[PDB]
Amino acid sequence: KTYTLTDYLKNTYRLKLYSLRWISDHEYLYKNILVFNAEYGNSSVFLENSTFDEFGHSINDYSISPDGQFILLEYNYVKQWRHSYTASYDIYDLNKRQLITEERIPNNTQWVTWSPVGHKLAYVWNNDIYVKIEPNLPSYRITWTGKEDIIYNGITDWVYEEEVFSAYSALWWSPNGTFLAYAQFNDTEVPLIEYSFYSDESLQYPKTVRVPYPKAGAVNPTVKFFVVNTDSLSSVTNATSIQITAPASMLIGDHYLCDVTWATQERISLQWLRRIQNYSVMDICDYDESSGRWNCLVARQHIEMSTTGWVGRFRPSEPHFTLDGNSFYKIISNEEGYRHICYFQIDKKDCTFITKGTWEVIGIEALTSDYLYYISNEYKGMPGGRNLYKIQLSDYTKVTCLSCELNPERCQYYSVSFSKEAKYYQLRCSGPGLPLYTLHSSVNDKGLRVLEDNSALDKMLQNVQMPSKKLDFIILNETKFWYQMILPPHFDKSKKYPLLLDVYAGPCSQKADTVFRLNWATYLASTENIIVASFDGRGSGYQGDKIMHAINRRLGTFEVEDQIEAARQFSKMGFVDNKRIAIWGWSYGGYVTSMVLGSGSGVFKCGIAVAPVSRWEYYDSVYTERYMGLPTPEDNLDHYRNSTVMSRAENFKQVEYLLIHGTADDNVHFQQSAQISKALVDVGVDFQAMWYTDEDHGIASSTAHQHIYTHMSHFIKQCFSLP
Amino acid sequence: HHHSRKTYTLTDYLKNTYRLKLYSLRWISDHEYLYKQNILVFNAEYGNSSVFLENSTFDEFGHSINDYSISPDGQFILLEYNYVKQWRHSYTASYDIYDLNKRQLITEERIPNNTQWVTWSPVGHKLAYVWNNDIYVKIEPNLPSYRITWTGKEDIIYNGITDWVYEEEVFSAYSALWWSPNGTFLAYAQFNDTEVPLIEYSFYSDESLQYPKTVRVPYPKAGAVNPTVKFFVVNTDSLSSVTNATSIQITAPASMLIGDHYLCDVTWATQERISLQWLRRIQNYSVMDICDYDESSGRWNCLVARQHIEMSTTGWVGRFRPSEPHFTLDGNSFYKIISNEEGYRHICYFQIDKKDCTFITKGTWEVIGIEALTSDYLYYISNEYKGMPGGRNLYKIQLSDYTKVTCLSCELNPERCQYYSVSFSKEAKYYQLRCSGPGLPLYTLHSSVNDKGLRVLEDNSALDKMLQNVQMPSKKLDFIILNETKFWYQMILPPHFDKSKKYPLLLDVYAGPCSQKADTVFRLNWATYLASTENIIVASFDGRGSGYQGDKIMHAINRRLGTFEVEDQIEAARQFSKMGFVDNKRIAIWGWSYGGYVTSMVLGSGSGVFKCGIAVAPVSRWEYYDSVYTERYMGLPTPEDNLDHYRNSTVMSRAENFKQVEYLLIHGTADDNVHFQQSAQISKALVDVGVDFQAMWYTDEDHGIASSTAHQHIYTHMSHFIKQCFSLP
Ligand SMILES: *[C@@H]1O[C@H](CO)[C@@H](O[C@@H]2O[C@H](CO)[C@@H](O)[C@H](O)[C@H]2NC(C)=O)[C@H](O)[C@H]1NC(C)=O
Ligand SMILES: *[C@@H]1O[C@H](CO)[C@@H](O[C@@H]2O[C@H](CO)[C@@H](O)[C@H](O)[C@H]2NC(C)=O)[C@H](O)[C@H]1NC(C)=O
Ligand SMILES: *[C@@H]1O[C@H](CO)[C@@H](O[C@@H]2O[C@H](CO)[C@@H](O)[C@H](O)[C@H]2NC(C)=O)[C@H](O)[C@H]1NC(C)=O
Ligand SMILES: Cn1c(=O)c2c(nc(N3CCNCC3)n2Cc2ccccc2Cl)n(C)c1=O
Ligand SMILES: Cn1c(=O)c2c(nc(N3CCNCC3)n2Cc2ccccc2Cl)n(C)c1=O
Ligand SMILES: *[C@@H]1O[C@H](CO)[C@@H](O)[C@H](O)[C@H]1NC(C)=O
Ligand SMILES: *[C@@H]1O[C@H](CO)[C@@H](O)[C@H](O)[C@H]1NC(C)=O
Ligand SMILES: *[C@@H]1O[C@H](CO)[C@@H](O)[C@H](O)[C@H]1NC(C)=O
Ligand SMILES: *[C@@H]1O[C@H](CO)[C@@H](O)[C@H](O)[C@H]1NC(C)=O
Ligand SMILES: *[C@@H]1O[C@H](CO)[C@@H](O)[C@H](O)[C@H]1NC(C)=O
Ligand SMILES: *[C@@H]1O[C@H](CO)[C@@H](O)[C@H](O)[C@H]1NC(C)=O
Ligand SMILES: *[C@@H]1O[C@H](CO)[C@@H](O)[C@H](O)[C@H]1NC(C)=O
Ligand SMILES: *[C@@H]1O[C@H](CO)[C@@H](O)[C@H](O)[C@H]1NC(C)=O
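So the sequences go chain by chain: A and B.
Count the first sequence with the authors' numbering and you get residues 41 to 71, 75 to 766, in order.
Count the second sequence with the authors' numbering and you get residues 36 to 72, 75 to 766, in order.
Note that these hints are calculated values from the structure, not bench results.
Any given hint might turn out to be false.
The calculated label-pair distances, taken between Cβ atoms and stated as ranges, are [as the list claims (entries may be wrong)]:
| no. | chain 1 | residue 1 | chain 2 | residue 2 | range |
| --- | --- | --- | --- | --- | --- |
| 1 | A | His757 | B | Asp243 | 26 to 36 Å |
| 2 | A | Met509 | B | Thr44 | 48 to 58 Å |
| 3 | B | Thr44 | A | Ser690 | 28 to 38 Å |
| 4 | A | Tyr128 | B | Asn169 | 41 to 51 Å |
| 5 | A | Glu693 | B | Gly84 | 35 to 45 Å |
| 6 | B | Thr44 | A | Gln761 | 51 to 61 Å |
Every residue gets a Cβ at the ideal spot worked out from N, C-alpha and C, and that includes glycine.
Generate coordinates for the entire structure from the input sequences, incorporating the hints supplied.
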């Protein structure tokens, strides 16, 4: 038997996880909720969820204070954007098992967070910030200026949530929780995207949703940064919020706050980025004693820039400070364009690189007094592998691979999670074999035990004909470009398979990796006998700037051409039926799919774009201007005009096209597909469409998810003459 | 050979390869009319024509001329340009006036840009126009205009123009101005939309528009706050440039001010007598008021003794609204279409003073419209001929002897002509006859004194010459007995039609209250292609709820939309198969508007009869559609009226049954009439029960999906869908 559409849709074959929250340097929680001792693996029950038997409300999430004296309960969850939401809250006392009733956290709270030490609490209600020193006492109102859709204290607006921070919160406690650092966003002049929301059938008149949303070249939100001392809050007088202004080099024009990182109890570092995102500045600000302000000396500014592109992968990387805070490490691209760990002195311009080579550091995971722990794709020169390394701080040549040889056949893609002081770590392996979860001791790196091996799943999959994955590379202009293929079971090299190109191809993307996945591709390969391939061409990430910056100021050119060239290279692989080649993608993949189908190349018979960008002036400023610069006569308007899918409408006469878009998509506005269809209508091209009423960019509803995949499978089977 | 080998193709339909010529004129006097080439005057009597306006005169103009309007006294011409469409009838435009006798454009005191409506008085050259929701009057074209109203406010106050609902469902027109017969008085309506909710939808516009626009229209959905209405009359002879003009209000009768009502008809009776018709929001009760000007007062009075009640116990009043009266010259009597004691619409003769009228026509047929009345004769269109409800002929009844009825069109050309409409001269001395089928449209001119034909205007013989070689479909018009009642249907049958083989069949559906899809009209449309090229029988059926056959049939779906008319379409299909020449594995259904609603209701009915269907811009649930139309048939969506059936008749609740059929759902995003919402809500329901289906939106298209490129695209898309559902290569 085979892995079927139903299997994928009704999630028949499950991937077991082992998610843990470190609580201390030797303990973690595991949802009843258990507490585990990392040393021995023994566990006691923390609370039965029959403790809230009579609670009366459906509990969404829990959150334990650092000191473990109180638990925060979250209910009435109402999802907003990708990260943002609203909820009700309650505080349960562990010391004396019962809830708090006096001075509760209001309904419709936008964000809550314990300080990093003890049980202090900061929350956001109606765009304003409040602080509770004790869970049962009244809160002090920090900000008074919050206003819906206009002023944002402690939480991000639409574009910051999605493109800058990947988070709704804009609150940063200092390490011991004395200081609360926050940002304030101002959206007064940011234009609003409006779209219909149809809601339940019983709603007679549709609702109009309005969201401040800066499209490429529009007026952006403005940002201010503040620090407040939470150990001197008066119930008599208003809390005083000290402002930290952006450096002079940023106040000269539009700019972003892109990073907040505390260094010590009294030292904070902020990163700022120009609107033309190729110049950024790191401020280190120290707290002044009697005077009570924050100073950011000019001689302590650290400039990060790029002549060939934008700075960072999506944003400048984050610093990891030493204990005294007089030094830090952060990832930057070296002189040959590869991203490696640089070591800075707070007082000095030059850093020394502590890693080198033709491969990249993915991130810094933990920093100790003796070692620095990082993840990279160095192992076997494979851009799509991921391994944990240890680097000796007094001798940089002493680098140990901690995950490389643990199970080299089944494990090539690792992420990690260290305990409070990096005493223990959990390795998470995501492929090529079934995911593997292991617990380790950093004092010597020996493995304590397996936490989850997925043997349950492995026994079930023994019964089904499963596809395989080929990960390899092709040479193009003397450079390696990586591809992967999901191959049908009992794959015959002397046979001719229909091929479907799964595309993303956005700047810094990586679609060829060692990760094990059960998705739509799995079914297409297992049941329909279709080869599903992906390709990382120019603009793709984790392989140096030369490749990544190749599309600087030129979205919709080389990365499009490379998908076409990829499909050509596969035709010449012998086992591909080149009368049956298709391409599909979501978001950026949708844009590339569309551009490829509009290319008039002749290679693809049909394709599917889901929620595609259609022209760049339609998408948000932060993401778009990062790669395209500004849509103005003196910058890059010409290429904004030359890279629309609309302009390629005539070429669509050559292919079969299915266009799909959610009508309540706040991210890629329905507008984008509305303009594509009008364009195809105007040149007389027949095509397939489908809208999803009240679905957003995810088309994530249980039923909408099934509908779309079902619809797409029918399109593909019809296009490929499959019954 | 020389055998017919061409067929009527999709491209033929989309590119207008075979075009119907039509002779459109506009009478300017009692014996003269205007016709376009260039613009000619034609003497109706002789045929002699001189050039009235050479095409070259307005090229110095600088602007592209969309339309023209000659003043009643032929001294001035109104030139319309910068036309920008709004709804089905309303638009904005610029206007310039060309003086004929001085032979040049009036430069001083021009009509402002963005004018909403312009209208000459019926005699002379007075002018009335609406700009920014206010009414202005020009006594002379080159002179300053006097402002009549001062209260006009966009989306709130409408003076002399209708709002969305009154435009689409009450008046079928943007204007709400009425000149008295000689231009002395100017009657107008004011609409107040203050508390009317707004429908909001996205307009995406040109691709250079970065942020979509949101369009906001005052639109009362069933049960919502309706617009209120006031009525006024202003004497245009006593206007002065020194004082603001005085407008005399005429208030509705007591029985209307008691609750929500509508102004449904305005008809001047003489120089000093106007008739009003009002309707209650529950549209079964209407009151005609006859109002007279009082000389010494300057005010209007509607005597309660002249008041006329018209009501219905089995449904609503009139076909879509009460009928309009036709007054005798002395405005002391009138003729008006109403239903007789047994549900048949016939001409009633009324005295202004008496309650009772006498019916001057009788029969198991109906009068369609009164077309003209003179001293001795009344002219009307009816479907009496041969007891064919879908036929239309011009008749003549003698006012002093009701048994003296002459058919004027019946026998003219019985074989090709069975569907007529007429256009009379200014005093009914001549008339143009228009025949729409079953043969090729034919256009003829007649004098009504002797009734002789004067000449053929257009005979479509160029078209006839082209069709001679094309394998054209034929139409079969007939009926079936159900519950002892005749129910008519029409079939567009493929060329060389063979009773002994099985054809696939498409049900073409409207089926709304008072609809008629079975008729004698000749059409070159999508169905002609499907029969001719693709060999599909496309059929239509008038079931319960359809019109022009009496109230017994028409009112059968009263307060029960989505029941019998839906059921009768299913039964129609079972009947069609039972005739033996239908492949019942291949039966489909499609419709637009109400037809889309019925299509959907049918496909969700679980009947097992239809394999697939197409719904275009359908109504999905009645609480989404407008008040005037929906309440006419459904009453109010309240617990103490008819909420139950409103809830019982949505397409959404039938989603589960769509698992059995193939469904194509189509909707323009800028549809102001049946909002995108209605399709949006169907699709969501189908997704929720796991039904796959085909969808297509049209960016910025409205209810008509009538852009050239958009029209071509949807018919092509629909054609692919049907061809695949039927296994046609
Ligand atoms: C957010 O920014 C807006 C727009 O820059 C500020 O609005 C201005 O406020 C000043 C002083 O109050 C006025 O003189 C201007 O006329 C305002 N401009 C506009 C267009 O509104 C606003 O002050 C800022 N709000 C906060 C809390 O920082
Ligand atoms: C703390 O600050 C807030 C805002 O500055 C004060 O609340 C405002 O009080 C002023 C008068 O001082 C009023 O004009 C506003 O209407 C108030 N705005 C509100 C309700 O947010 C608050 O009173 C301050 N506390 C004190 C007394 O210093
Ligand atoms: C249109 O109708 C609105 C509301 O139906 C009228 O508004 C009323 O006006 C008076 C004063 O002019 C207020 O005191 C009432 O309270 C208003 N009614 C309500 C309940 O809103 C308005 O007069 C009308 N507009 C015109 C000029 O005809
Ligand atoms: C496929 N894909 C992406 O395209 C992608 C993507 N991430 C991004 N960007 C970073 C997160 N915020 C949005 C941009 N993109 C591009 C994108 C996402 C959603 C809508 C439009 C765009 Cl252009 N991923 C993970 C991803 O998997
Ligand atoms: C097919 N068809 C109609 O459906 C029709 C229709 N006429 C109507 N109504 C009367 C005129 N004004 C609109 C309503 N309908 C029903 C309808 C039309 C347009 C949108 C929605 C509806 Cl429910 N015609 C002529 C007509 O030909
Ligand atoms: C595990 O065992 C140790 C000693 O046996 C004990 O101190 C600890 O509390 C236990 N941990 C849990 C969470 O059960
Ligand atoms: C939140 O809302 C509920 C229901 O409306 C109310 O009963 C409850 O007291 C609210 N919680 C608080 C603490 O405001
Ligand atoms: C944390 O650090 C602050 C600032 O240096 C210091 O004064 C204090 O000892 C700590 N806060 C508390 C009260 O725990
Ligand atoms: C940033 O980009 C702009 C626009 O391409 C360019 O003029 C400038 O040189 C860049 N700055 C740096 C530091 O390279
Ligand atoms: C039309 O023809 C008639 C008949 O000969 C002629 O008298 C007349 O002058 C023509 N039309 C006009 C009024 O110019
Ligand atoms: C209408 O607009 C045009 C173009 O802007 C202008 O030249 C003209 O004067 C306007 N006409 C009137 C009557 O105001
Ligand atoms: C006419 O009415 C308007 C608005 O009520 C007013 O402003 C204007 O002055 C009036 N004209 C005169 C002078 O009577
Ligand atoms: C039009 O009718 C009115 C009222 O009957 C009358 O007083 C007026 O003089 C008429 N106009 C002409 C000159 O025909």
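Any of the earlier hints contradicted here, and which numbers? 5 and 6
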